[PDB]
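Below you'll find the structure, written out as structure tokens, and then a few comments.
Every protein chain of the complex appears in place save one, which is left out.
Each chain gets a letter, A, B, C and D, in the order it is written, and its residues are counted from 1.
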Amino acid sequence: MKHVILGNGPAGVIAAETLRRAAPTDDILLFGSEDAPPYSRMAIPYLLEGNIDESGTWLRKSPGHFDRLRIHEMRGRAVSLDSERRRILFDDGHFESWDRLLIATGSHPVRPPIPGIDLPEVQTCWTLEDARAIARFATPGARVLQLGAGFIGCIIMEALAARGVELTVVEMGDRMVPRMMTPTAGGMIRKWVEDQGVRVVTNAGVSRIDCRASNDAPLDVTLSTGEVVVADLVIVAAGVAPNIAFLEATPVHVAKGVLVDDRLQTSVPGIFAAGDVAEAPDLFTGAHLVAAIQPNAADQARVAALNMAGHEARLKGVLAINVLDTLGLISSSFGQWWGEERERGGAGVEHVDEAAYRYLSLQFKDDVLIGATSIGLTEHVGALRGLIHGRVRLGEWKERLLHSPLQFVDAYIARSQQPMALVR
Amino acid sequence: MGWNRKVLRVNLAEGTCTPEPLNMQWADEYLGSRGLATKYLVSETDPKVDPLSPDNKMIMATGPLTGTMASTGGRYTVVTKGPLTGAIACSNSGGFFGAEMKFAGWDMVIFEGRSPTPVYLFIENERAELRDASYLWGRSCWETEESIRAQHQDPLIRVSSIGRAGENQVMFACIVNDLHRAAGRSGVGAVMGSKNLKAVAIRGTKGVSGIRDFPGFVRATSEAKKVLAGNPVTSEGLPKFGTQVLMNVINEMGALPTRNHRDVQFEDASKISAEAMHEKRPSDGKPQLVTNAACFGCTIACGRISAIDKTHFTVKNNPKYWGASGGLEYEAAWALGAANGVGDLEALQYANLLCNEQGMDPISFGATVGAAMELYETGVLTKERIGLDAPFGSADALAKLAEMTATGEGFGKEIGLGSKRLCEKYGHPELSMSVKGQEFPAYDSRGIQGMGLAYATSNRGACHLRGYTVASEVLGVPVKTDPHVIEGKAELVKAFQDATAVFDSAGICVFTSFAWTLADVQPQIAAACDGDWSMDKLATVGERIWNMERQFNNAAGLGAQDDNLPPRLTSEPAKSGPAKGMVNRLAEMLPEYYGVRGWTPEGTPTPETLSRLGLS
Amino acid sequence: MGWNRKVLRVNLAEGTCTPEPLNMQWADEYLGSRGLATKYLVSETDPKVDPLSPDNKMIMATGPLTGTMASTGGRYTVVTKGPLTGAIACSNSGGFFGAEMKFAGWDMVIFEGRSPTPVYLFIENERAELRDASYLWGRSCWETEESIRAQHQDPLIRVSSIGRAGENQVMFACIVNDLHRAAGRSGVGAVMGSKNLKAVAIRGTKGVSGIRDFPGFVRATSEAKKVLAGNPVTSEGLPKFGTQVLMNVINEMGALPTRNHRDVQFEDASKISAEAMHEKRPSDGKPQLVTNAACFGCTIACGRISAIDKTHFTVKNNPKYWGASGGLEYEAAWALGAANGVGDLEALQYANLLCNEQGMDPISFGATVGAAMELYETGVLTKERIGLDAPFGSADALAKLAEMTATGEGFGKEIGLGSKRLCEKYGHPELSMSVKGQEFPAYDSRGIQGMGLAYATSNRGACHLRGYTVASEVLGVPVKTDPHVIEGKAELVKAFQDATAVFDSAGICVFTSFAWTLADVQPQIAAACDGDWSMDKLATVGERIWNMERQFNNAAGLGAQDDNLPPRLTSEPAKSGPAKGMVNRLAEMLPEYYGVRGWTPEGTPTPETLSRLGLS
Amino acid sequence: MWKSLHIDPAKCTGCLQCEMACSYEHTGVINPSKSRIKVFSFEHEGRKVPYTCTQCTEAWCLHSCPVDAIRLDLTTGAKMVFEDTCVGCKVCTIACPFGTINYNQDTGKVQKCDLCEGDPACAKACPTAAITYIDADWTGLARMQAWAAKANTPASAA
Partner (left out) sequence: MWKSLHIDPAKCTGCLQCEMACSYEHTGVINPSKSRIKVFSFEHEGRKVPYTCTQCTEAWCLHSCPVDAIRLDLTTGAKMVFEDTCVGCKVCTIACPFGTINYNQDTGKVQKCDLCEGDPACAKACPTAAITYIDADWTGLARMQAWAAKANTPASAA
């Protein structure tokens, strides 16, 4: 047969490796657009700090790795798809044919429509060229202004603060990390960050950025409240949207993300999708949602490649898991951390210690754990995923978990790994 | 070297916990954990202050082998001046607390003064702080440990605390760590509770470095473990039967007191022995014993785990005692059992649960209960005063008295005074079975003479763990001798006391002496510490420790008049058994002991032995 | 194809066990497991070598149908130059060891040289290595098996070892695997122990792949098993009674030797037969037989399981022999029984247990003991020399002699020399009942004429398995003949020897020849191996194997002057039974056998017959 | 319509004809070390007993899988392993209290007795009839009839 894969991130690499392992008598083509070997963008911040070189961001470092597995590497950007007679038209004028297709094109950042946002000193942080420009401009002692206080915004502000410059954060919302933390933990993170020496102004937006007499001096940014800030470099971390630029006039159904079923497959027989572009069913209810994280990309790529080769594999669902390091503080969140309506039988617990920077919260919908959120907990923090993903029927232990929420590993052992080791 | 070179020295009157270096040239003369702590006490306090007051002092200490790879290396000590006796008190406990103290960077803690408000102490590797504990006062040990662990958000914190029997200042309170492991004797809990100190909590993440020779130490420990694995006593007897195996063995010989030293044999001793803990109960068809557990680093695992019946009349209306906790040791089973005449097994476990929950001492409590029951049977105590009938062999009376004494309500307020003071209050001092204020352990001294001599000449009142001559006359592990003879006993007592002092100072369990010897203990200390640790130095250390303890004890006021026994043990012949018609002969062995020890006829060290041991 | 194409070739002098491809063009001419091993031996050694020396060699081999789905396909062989006879020795063993060697990946192991220090071999699928065994020298087979299995932490390892008689170089030692089911006869244990090798341990998880036709082989085995399941002998007789059922039958014909071939009928033969095993003992009311067992893949299950009495004087004070082990075969019961006039079943069971434990041969031991009894009864041997009275019918003497021979102390040393050398030492060679150094099996040659010739002209000594003509003169499964004539006997012997050689070379149990035939064995070999495997090829292979063995034996120094019998069999008439006044008439059959085989009258192959088989 | 294996250890000879068939039916090569039924020999009492999975209804192996690669069958009432969803985490071998469902390091999955989709191969190759395939209910008929005949002593010689 013949398999053609678009995009060479984690998803494409894992899918190609699994396809080569499964069916050793096929042709595999892997495509990309950037002028670099397959690399993770996740390790861009540590390039900014100076811990590693650029070559340390590569996904596979063993020399000549994509030859022993007989995988063909090409270059080109897909611009047109013809699903009726299975044709792909690239930008360079050449053409390719296929038998099975996998779409793993990822996402791209979005810019707010602010006047003067295309000035040379306004950069995003998504690729290697942006990292090079930021490194060129962020000399020690410079002036930096950043937009957004989300997740990637927190990572970038941590990296830039470690680089050793002044920092200012403008957030349009009400608190920091509003999508992965409760307000109390957000307040703790805010006060810790302000103590460490980073100025944060909240509940405000950017009105306009204006240029001075020459492109050697910094810029003048006027906020919504009225005050003006002089800043050499401006970082934009608004948000990201999926890469869908050739599926608009095809019978492939496309919402905000590409829609798939439990075994990854779009609404055409012979086209598959995985990564940041796929919209997959939820674990709790069953709706479609997009989660842009690394374990999701790995698992979806493996399942899609296994189903595409001819076998039959199934996916359980998707889940949002996050871990964050900010200037020496480690925090994490799992699942439906915001709880649920009490009239349907839920319960929760929250333990807080302010002067020592400690927090923990547990939520139970009906005899099963549903979400968790913690600050400073690092040992055996993976067992929460085991308790949430596989819905363990806690039973009596539920009451115990309401009085001391630090015995989740003990409950997991006594309920779903060795239930008969305690029988006497 | 096994020492970590740091002391804490907190000042309970105003806080101010400030570190301080350890004193070398004292470490290589007493070896630590029984001689270093008592030297620190003796060299800076006075022997005349009353037991409970602000002017007193308390020391917590560990040993050089504590928290290392050596077998049974997890023991720690508490040193103070006992309020029950008036002598110097040193209590030893196991568990996982001394190891955690050693992993945190310290190896000694000194408490002095008195705090105006209740507080508790917290240590994290450099950061020791005092915190308000006004919400823990009046709660038992288990709730205190659970509340501290839940508040500080860490399930690996090691906690030591007192109960309600320390706050009320019962004369025989104790310190309990890790639920069922505990110190005891001489009422150290009263001294802890007189300072408004509630609990100590330790968390340690630094490790034990500083060994002069690592591979030699590892090889020595590995070679020494084989000898312990080979002996039948420490390979099949202890792990399978606990210390309860001695019940029938002592009962057959006719050396088991019963009903306040009125008999020398118990008819129901087969009902509370070790075999009764392995039989399937008729109601549920399951034994009381579940498994066994071990202290830190121990490779013998002599502990007990027991489950109480759910249909017994004492706990059938209470659902908070239905779990699994610690079992019965030999002394507790004797004191709650044959000392009163109670043949039930569930009542003993219930009383042990109460004693572990509220922090008391089973031996002193059982002996005092037996004395009170004898007084009631004679006629001095009436029903109206007690509020309850107390005949011999009544389990309900034992349970009721245990509840009243632990909760400190009613006649228990008298019961908590102790057998000596309670007997003196009612004009009958001859009915107290004690020497210098502490009641006798589970061995009778009519059929055995070395135990009588060991009781009469011990440095902290009547204790059987200072000089243990049963191991030569019953088990006979070095040699088998005759327990009916009074020839060659003083040298036995002297050698055993010296060996026990060295073992206690080393920082390891004493039970390993059933298979080890000083030959098997010297190489590990030599490879672990700095200096010349030969055999002569070890013998000199033992003698020096004993002589310095005797000097401190003698300076405080106690003299040769206190080396006596109650008239019942020296004028009442035995009634039945192999030792029928025998009486103790302490008068024929004490002058020989004074002669062979090198002291005066009145029990005072001479300048010759003081100059020989370098005590001047 | 059934072969795996790999040989080991270990060098005991310096280690260095290095693999090597199998030699095809010899496998399709000898079929393996009785021709391939001896072809290797003949082609790479010299026949003039002494039996035990470093220059000797030892070969362990399996067959093409070893470890497959075919019935009874689990047998292996050991080939060497025997020390008891001087001719070529081939021993066949069952159990579970040959199948495990087949599953490991190999199908032949060659030992050459002598090791300076005691070692043993360990094999896992690609990894063969020699390991020290100095802590195993001087232990029994059971103990070394359990020790290896416990030390390696694996209950799926197969072990083959020797006893104390192998280390002492007793001339009739053997090799035991799986606690019974051993080799024997020509004394291969002495050769194994002279090479300073203790045991072989093997564990295989690779599987028998490579059969040229899977569905054809499956169908062939399914059809072949149906014939075996309908025959009365191999469906009800052998599984229920075993090989012992013959005893009474032979006794009814008056062809059972008794008391060193002095009689032809035993009066107590009904007390050691199978029915005597099926009866209840008055002491306990339970029979001596428990259940039967089967070798690897066998669907007949003619094995035995027996338990010894607990009140017999031999085993009354030894609780080590109170378990359940293998039962009595026919030849062990004859040699320990009727050969000495002993009618006690428990003594026979104890002797067989000792022989299995220490690794000896029951037939040679029993014959040597009988010769010693006759020598004592004559008057040559005095009570002072032996150390005990040795009359006929003494069970106690048999037990003591068994213990002495097993441990090799005192007169047992002399008993370790075999019957022929022992008789020659005292100047009575006429009392040794042996041909070429091997004693006689349990079939008399006076009431049977075919077995006299069969004993006279066998390639390894007095053996009854090379040519078995009792199957026609007693049971008569091919054709019922008359055992009182000598007409048409040479053709019988020739055909039976060729068929037996083919059966042994194939790799299946020979008992299956009671229902199977060559026509039922051809399809399985044809569907398993590759090439042309027809009836003519099988006949040619059998004849070639026999001729090559005879040629090697001739080149070793043995000729036509050793084909004789003791004077007692050919000169003394029978004394009871239906064969009255009959003696063997071997002198009237030997020239016919030489002529029919196509040999020179002096017993050498002619160039015509040598060229016909391609042996030149 | 459900059926189960009946094992009778009083009629076993230890010929290991079960394991060759069970391994050949699943792998393609004769290999008694990769079967899912095992024969244990107790020498001191002279006994041989074969053992395999009993197909529990409160399955411990079913409830401990984090990916749901084990599920029930309704035709034969057999627990199955779907060997392209399993990831070889080896947790299912710890939860089972009986010792079955084991690992296979050559392919990288686990294995247990799956009743061969209602056509057992081990029950066809046993010559002594010590393994039988009978209906799930009423497995004690054969012993009950014999004990009913034997235990009730006749009114004879009395």
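The definition used in the following text is that contacts are C-beta pairs under 8 Å (C-beta built on N, C-alpha and C of every residue); 3 or more make two chains touch, one makes a residue touch a chain.
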Among B:1, B:17, B:245 or B:305, exactly one should touch the missing chain; which is it? B:305
Out of B:31, B:41, B:69 or B:246, the sole contact with the unshown chain comes from B:69
Determine which one of A:157, A:318 or A:414 touches the chain that has been left out. A:414
Among A:19, A:101, A:237 or A:321, which one is in touch with the chain left out? A:321
Where B:97, B:296, B:350 or B:593 are the choices, the one touching the absent chain is B:296
What residue numbers in subunit A mark contact with the hidden partner chain? 10, 14, 40, 42-43, 46, 51-52, 56-61, 294-295, 298, 302, 321-323, 325, 330, 332, 334, 378-386, 389-390, 409-410, 413-414, 417-418, 421-422, 424
Subunit D positions in touch with the non-displayed chain are 7, 9-10, 33, 38, 40, 42, 45, 47, 49-51, 66, 87-91, 93-94, 96-105, 108
Interface residues of subunit C toward the undisplayed chain are 124, 153-156, 205
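Assume only the chains that are shown with their structure count from here on.
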CA centroids of subunit A and subunit D: separation to the nearest Å works out as 48
For subunit C and subunit D, let me know how many angstrom lie between their CA-based centres, rounded off. 38
I need the residues of subunit B touching at least two other chains; which ones are they? none
